[PDB]
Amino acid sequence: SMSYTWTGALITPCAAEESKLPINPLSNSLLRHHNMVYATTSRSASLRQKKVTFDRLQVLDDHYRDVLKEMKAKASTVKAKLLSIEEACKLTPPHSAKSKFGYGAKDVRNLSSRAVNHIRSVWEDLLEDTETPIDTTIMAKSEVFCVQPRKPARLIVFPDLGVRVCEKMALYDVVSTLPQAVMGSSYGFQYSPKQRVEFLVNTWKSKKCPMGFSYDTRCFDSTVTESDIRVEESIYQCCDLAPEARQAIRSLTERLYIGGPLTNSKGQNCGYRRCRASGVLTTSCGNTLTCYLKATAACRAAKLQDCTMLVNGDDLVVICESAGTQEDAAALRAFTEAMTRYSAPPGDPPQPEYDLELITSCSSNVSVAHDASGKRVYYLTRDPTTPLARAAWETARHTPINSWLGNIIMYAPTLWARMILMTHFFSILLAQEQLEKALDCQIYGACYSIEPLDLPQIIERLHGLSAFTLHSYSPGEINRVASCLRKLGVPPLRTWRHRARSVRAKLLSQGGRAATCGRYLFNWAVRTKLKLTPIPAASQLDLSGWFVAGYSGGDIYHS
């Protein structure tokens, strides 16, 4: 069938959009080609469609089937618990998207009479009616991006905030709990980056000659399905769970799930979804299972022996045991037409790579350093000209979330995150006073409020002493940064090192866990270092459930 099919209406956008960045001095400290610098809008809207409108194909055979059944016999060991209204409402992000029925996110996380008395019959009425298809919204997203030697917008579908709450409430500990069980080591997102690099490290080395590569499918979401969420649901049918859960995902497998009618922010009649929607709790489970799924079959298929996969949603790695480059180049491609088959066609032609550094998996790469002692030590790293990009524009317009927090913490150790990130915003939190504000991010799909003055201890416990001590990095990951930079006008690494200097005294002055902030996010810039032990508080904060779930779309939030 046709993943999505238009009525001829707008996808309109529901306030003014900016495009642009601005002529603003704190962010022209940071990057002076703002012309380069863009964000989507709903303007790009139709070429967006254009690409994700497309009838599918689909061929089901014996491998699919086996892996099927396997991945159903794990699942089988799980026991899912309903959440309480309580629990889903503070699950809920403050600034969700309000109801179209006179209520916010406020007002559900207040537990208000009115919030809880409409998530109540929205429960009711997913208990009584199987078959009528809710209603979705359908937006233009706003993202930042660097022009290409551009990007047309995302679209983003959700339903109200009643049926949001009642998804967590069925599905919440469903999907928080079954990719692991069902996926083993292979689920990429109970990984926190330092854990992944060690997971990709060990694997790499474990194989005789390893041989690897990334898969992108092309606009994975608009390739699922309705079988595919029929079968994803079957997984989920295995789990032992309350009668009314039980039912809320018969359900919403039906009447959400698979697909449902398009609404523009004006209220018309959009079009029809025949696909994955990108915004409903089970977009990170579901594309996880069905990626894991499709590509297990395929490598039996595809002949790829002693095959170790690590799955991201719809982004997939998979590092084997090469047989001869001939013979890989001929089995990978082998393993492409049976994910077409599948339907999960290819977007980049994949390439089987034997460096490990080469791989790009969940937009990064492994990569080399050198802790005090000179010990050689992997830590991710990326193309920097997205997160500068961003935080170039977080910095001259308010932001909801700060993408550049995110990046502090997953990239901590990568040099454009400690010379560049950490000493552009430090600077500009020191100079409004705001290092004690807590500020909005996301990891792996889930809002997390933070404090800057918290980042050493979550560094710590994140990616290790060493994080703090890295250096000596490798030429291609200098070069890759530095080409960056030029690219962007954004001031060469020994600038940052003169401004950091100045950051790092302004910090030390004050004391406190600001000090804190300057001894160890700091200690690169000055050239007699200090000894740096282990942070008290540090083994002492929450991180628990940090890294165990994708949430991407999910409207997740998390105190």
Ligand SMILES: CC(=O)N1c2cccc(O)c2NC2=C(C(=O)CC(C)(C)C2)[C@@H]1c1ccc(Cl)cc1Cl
The other form holds:
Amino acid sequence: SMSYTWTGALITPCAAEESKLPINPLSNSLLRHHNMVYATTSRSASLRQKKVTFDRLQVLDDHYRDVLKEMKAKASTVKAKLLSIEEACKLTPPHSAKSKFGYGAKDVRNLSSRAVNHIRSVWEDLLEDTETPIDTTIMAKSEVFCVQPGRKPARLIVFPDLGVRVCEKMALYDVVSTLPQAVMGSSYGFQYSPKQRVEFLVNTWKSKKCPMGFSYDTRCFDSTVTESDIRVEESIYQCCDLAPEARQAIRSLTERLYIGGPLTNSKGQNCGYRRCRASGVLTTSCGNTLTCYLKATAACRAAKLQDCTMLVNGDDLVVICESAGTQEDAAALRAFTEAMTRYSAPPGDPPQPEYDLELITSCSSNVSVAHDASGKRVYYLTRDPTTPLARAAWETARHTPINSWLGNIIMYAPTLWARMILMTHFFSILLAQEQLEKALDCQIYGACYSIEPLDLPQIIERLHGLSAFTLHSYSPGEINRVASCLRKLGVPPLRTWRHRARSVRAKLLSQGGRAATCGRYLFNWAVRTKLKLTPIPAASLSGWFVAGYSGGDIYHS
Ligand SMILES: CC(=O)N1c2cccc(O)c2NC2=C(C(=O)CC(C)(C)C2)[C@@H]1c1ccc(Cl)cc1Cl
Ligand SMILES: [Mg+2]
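Let's compare: the form deposited without the ligand is above, so bring in the form deposited with the ligand bound.
Time for the whole complex; same chain goes first.
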């Protein structure tokens, strides 16, 4: 069976779509080579359609059967709980797609009579109708990138109506936030903050007698997900104690929505049909994470890998284990890939055995080493800064509803590029405009958070600890990568950023209060006569690294 069938209707935009980066004074002082930055659009959608459309062989074996049964068994341990409409509503981010049926995201969060009446009716419908496919929209995605020495086609979101998305939360938020950890325990990626993730990868690695590690990338995880997979994923949810309306809701949502369904474009036209995973549902992150864990664990047994530890974030997989020598590790990996391929999880690039942890790239990121204030070697998470920087330049020239620079500052607070460039740049900009006290939207692990940047000292301390304000003496690889990247992009050199930082730092300090605190902590690296950094009393919220809600419709004020 095919991943998608197409009518011929085009994937259509609905606002103006912009591909080229603007030539803006502020972003130009962050990034010069402005032609290199682009945003994907609806014009390349038909390219992605050909990539994402293919037939899917799947052969299941006894290993796959057995992991499944271990998984279900851990799931029957869990008890889930219905959200009230009010709770489900207050989870909806204010810039969600409006409904076909009048009301929009504001009307949901404000509980207007129209929206709630439609939601109630959609809920009633989900309990009463078992079979009618639920319609979805298919839109291209605008995401910015830096060019290749070619250019990526847009990715495609597939999401059901707002009224439906609220109902998903009512019947599944508590499941999707709770069951993945119950099943995979320490393997569940999204329970970890960056610090925590490094702790885990370092521990695991150093506990191995002779460690080998690899990450595995599968072609199009969403299109490779067959309806069988989506059923298995249901059968796991159904091991929970669930109120009877939720059980019935999960049953209808699976049949009607998740297993596949009709696709409409922006203009209302019949577009095609879906038989794999929808990228824009509340169960996409959790479902993927589960399908993935399951297939990888079976393949590990098939491939006879020894002492496998693995960490899973949706479709992103990393595995550390006992080396048996280069030949047989290569051969084991070949077996693992072939086992995975039978499970309808074929690999993009063939996975590569790796004998040093710093060389393992996983969720775009790797561990690196630096030194804290004491001089102790300290491991932290980093990535290549090219894409983060492009999006920073783009979010500078254009107002956008998610600020990836703010997610990158918070996630990569202890990186060289985050500290010298990112912070320096945006505090300068915000300070210019007096918008410092003002709140901004960004996202961690798919869920959307509102954040005042002035609270960055306190947030960083709680996630990373004061160490992040004093890491120094970075590795040469990291410095080289960062530096080669700044030249590629025409981003001014770190030298320049230090000079700028000194000026931001001085100006914040004059402001006093919370701003002066940003100045002392964030920029203590810019001065030689350094300030002593004790904890911030104020820095003493909960669900920040619980689960991953990518594609869900999730918000936190
Ligand atoms: C989809 C998703 O939420 N993640 C993800 C997963 C895999 C690759 C990847 O690049 C990302 N990216 C990001 C993520 C952010 O939190 C925001 C931000 C800005 C750090 C980017 C996030 C992520 C980043 C680093 C790691 Cl180690 C894991 C994850 Cl899930
Ligand atoms: Mg992939």
